[PDB]
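The chain contents come next:
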Amino acid sequence: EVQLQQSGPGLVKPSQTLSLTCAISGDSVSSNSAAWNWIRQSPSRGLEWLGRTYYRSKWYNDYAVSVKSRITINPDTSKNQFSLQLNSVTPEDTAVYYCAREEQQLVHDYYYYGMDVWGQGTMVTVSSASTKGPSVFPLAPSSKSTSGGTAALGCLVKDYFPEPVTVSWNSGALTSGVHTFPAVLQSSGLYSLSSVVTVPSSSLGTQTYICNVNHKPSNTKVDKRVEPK
Amino acid sequence: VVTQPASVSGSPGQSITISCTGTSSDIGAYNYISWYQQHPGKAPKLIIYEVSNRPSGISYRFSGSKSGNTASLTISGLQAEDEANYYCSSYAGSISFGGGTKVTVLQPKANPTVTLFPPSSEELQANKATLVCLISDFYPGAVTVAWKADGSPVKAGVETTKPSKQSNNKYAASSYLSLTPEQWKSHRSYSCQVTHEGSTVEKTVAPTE
Amino acid sequence: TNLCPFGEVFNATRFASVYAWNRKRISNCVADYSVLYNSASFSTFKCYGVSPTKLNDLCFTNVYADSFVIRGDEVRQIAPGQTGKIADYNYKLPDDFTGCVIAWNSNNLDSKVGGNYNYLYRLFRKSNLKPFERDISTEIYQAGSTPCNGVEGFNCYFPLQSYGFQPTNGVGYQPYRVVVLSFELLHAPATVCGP
Ligand SMILES: *[C@@H]1O[C@H](CO)[C@@H](O)[C@H](O)[C@H]1NC(C)=O
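Protein chains in written order, with our numbering: chain A, 3 to 231; chain B, -11 to 197; chain C, 598 to 792.
Rather than coming from a laboratory, the hints here were simulated on the basis of the structure.
Beta carbons are placed, not taken as given, at the ideal position from N, Cα and C, and that holds for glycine.
It is possible that some hints are incorrect.
The following residues of chain B were derived to be distant from chain A, with all beta-carbon distances above 10 angstroms [unchecked claim]:
1. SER12
2. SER13
3. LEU34
4. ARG49
5. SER77
6. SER84
7. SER140
8. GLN154
Simulated crosslink set (DSSO-like; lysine-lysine; CA at most 30 angstroms straight-line) [said to hold, decoys possible]:
9. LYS90/B with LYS54/B
10. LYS709/C with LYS651/C
11. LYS146/A with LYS54/B
12. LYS30/B with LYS231/A
13. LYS153/B with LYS223/A
14. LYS134/A with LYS90/B
15. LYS226/A with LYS30/B
16. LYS150/B with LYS226/A
17. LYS218/A with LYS54/B
18. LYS97/B with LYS116/B
19. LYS173/B with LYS70/A
20. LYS30/B with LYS15/A
21. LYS81/A with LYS173/B
22. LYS226/A with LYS116/B
Given the sequences, and given the hints that come with them, work out the whole structure.
Next comes the structure, spelled out in structure tokens:
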């Protein structure tokens, strides 16, 4: 299994340089048969190729014309990674950025598969506002949240910036009946989000419930115990 | 620049075909055309390479062809898991993606589950009051949320999300009513009202806690 | 002296691909050359720098028999001063060639329904062969401007090409077994002659 571990989400302030790292494992960054690409995606722009770095005896770079003057991709044989740098960012650079491997088949018949393996993507938001961690409030289960022996309980992840937030329950042990709702953009330009698990109300007295809110952009993690009342 | 239709819909069992059209310098230049499938919040996956090649793991329900300056993808036996974005891409030194096609798998109507949470005593001690109205499991993706206090319609302080695709192709939404702790105490009733097709579903909370 | 093993060459069960042509040194023996000329089995029997008649009245330090398989169309290239894929990349005869070229149709033995892919020829090469050279190299041919790095693929081809001989092909496209006799006279005592 070839896997691409990417560089964690955050905020780049305007006019600064964007910098991301893709770490390969299960393949060599200097592969005969590979190329290491960066691709970004925005809801209004779609998938946008940024460029590639490949090693065929010598090292090589292709870039896309819309970024040719602002971009640098940097392989690292030492660490088995390659990096992306984009200068002089503006809100137009807010996007999810992906690293992908372009793979050619060098055995029997040559095949050109394209982007066969993708990193999970890191969201970069370019904004002049500052990162803010969430405040997490318990949405308590109550006999007024039960419908036939089911209880709904939740965490209100309030007033954070930028995105994203990831929410787990009971450190990832509780996954069935979990519903995490996409965030609302408040008129303050801060985000809020709610996450709920449906659980047997008969387990409220025997099972502890904890939502684990991770906000990588602010190196903050909050675990909030949700008790009934 | 490579054109795809924005949106395609279909019923289970039917067959669908996404057009991908460009120029002699993009799609018709070579036969290095690839198609990708993307579910929301996940990375794209190669499902077709070289116009018609299925990578190992992809069902035969996925077919690919090319004619002239139009490559094209086809999904037979449309299953609910086929709801996703789809993109063609073409190699010519540089790499061009098509603008994307959201593929919907038609489903029967479903009415929403609605859950209303009052403000937590923790948020109230921080001089804040948020009512949270959670709407899930409805189809199609369009709802109307109204809020009322002591029976009277309320517009000040409401923020409601666009519907978003769940993993069962149904839709979720959420709506928040912001108040001060005093207004939360100055009324004896607050309600979230969710309308969808015909149905309306209304839930009420009261500050006696 | 004893007789020369022409059967070992002509009646061999499998012949070589033209790119990997076989040579047999005939020496210290006696051999009749007339029967072959009136063998009633040779589609081609050209001789160069020597007589097709009474050739048996002669002598040579060494005789070389070079066997391989090519198409009927290409037999015309097994002659001095010829050009084509075979003459240029596979088997080259010098301008001053002294010997005979004997060819015959082997469709019954060498072609097969669905193709006989054992018979190969060099389709790509950086330069033309010098007379009597032999390239058994299987190095990847760089057709594009960008280098191959020994990896086959796009613009990077395997040099050898198969014939895929089928019996239904035209007579021009059928396999032909070829034996090229070379008569060598050196400034040393002779070894092969016999009337
Ligand atoms: C080849 O074989 C036939 C019999 O199968 C024989 O009559 C003929 O003399 C042989 N040819 C040579 C060149 O020895």
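Do the hints match the structure? See the list:
1. Every CB of chain A lies more than 10 angstroms from the CB of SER12/B, the least distance being 19 angstroms, so the non-interface label holds.
2. Non-interface status of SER13/B relative to chain A is upheld: no Cβ of that chain comes within 10 angstroms, the nearest being about 13 angstroms off.
3. The beta carbon of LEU34/B sits about 5 angstroms from the closest Cβ of chain A, which is not more than 10 angstroms, so the claim that it is off the interface is violated.
4. With a cut of 10 angstroms on Cβ distances, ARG49/B stays outside the contact zone with chain A, its closest approach being about 20 angstroms.
5. Not every beta carbon of chain A lies more than 10 angstroms from that of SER77/B, the smallest distance being close to 6 angstroms; the non-interface claim is violated.
6. Some Cβ of chain A comes within 10 angstroms of the Cβ of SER84/B; the nearest lies about 7 angstroms off, and the non-interface call is violated.
7. Interface exclusion of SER140/B from chain A stands, the closest Cβ pair being 22 angstroms apart, more than 10 angstroms.
8. In this structure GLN154/B is not separated from chain A by more than 10 angstroms, as the shortest Cβ-Cβ distance comes to only about 8 angstroms.
9. At roughly 20 angstroms between alpha-carbon atoms, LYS90/B and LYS54/B fall within 30 angstroms of each other, so this suggested pair holds.
10. Proximity of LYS709/C to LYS651/C is assessed by CA-CA distance (about 38 angstroms); at most 30 angstroms being required, the pair is judged violated.
11. The suggested pairing of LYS146/A with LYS54/B is violated, with an alpha-carbon distance near 58 angstroms, which exceeds 30 angstroms.
12. Restraint check for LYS30/B and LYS231/A: the C-alpha separation of about 37 angstroms exceeds 30 angstroms, so the hint is violated.
13. Annotation: proposed proximity of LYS153/B to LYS223/A holds, straight-line Cα distance about 27 angstroms (limit 30 angstroms).
14. A distance of roughly 33 angstroms separates the Cα atoms of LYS134/A and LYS90/B; the hinted pair therefore is violated under the 30 angstroms criterion.
15. Pair hint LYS226/A plus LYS30/B holds up; C-alpha atoms about 27 angstroms apart against a cutoff of 30 angstroms.
16. Annotation: proposed proximity of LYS150/B to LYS226/A holds, straight-line Cα distance about 27 angstroms (limit 30 angstroms).
17. Annotation: proposed proximity of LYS218/A to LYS54/B is violated, straight-line Cα distance about 44 angstroms (limit 30 angstroms).
18. Our distance criterion of 30 angstroms between C-alpha atoms is broken by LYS97/B and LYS116/B, whose separation comes to about 37 angstroms.
19. This hinted pair does not check out: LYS173/B and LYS70/A have alpha carbons roughly 59 angstroms apart, beyond 30 angstroms.
20. Restraint check for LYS30/B and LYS15/A: satisfied, since their Cα atoms lie roughly 26 angstroms apart, inside the 30 angstroms limit.
21. A threshold of 30 angstroms between alpha carbons decides the hint, and for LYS81/A with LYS173/B the separation of about 59 angstroms lies outside it, so the pair is violated.
22. This hinted pair checks out: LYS226/A and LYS116/B have alpha carbons roughly 18 angstroms apart, not beyond 30 angstroms.
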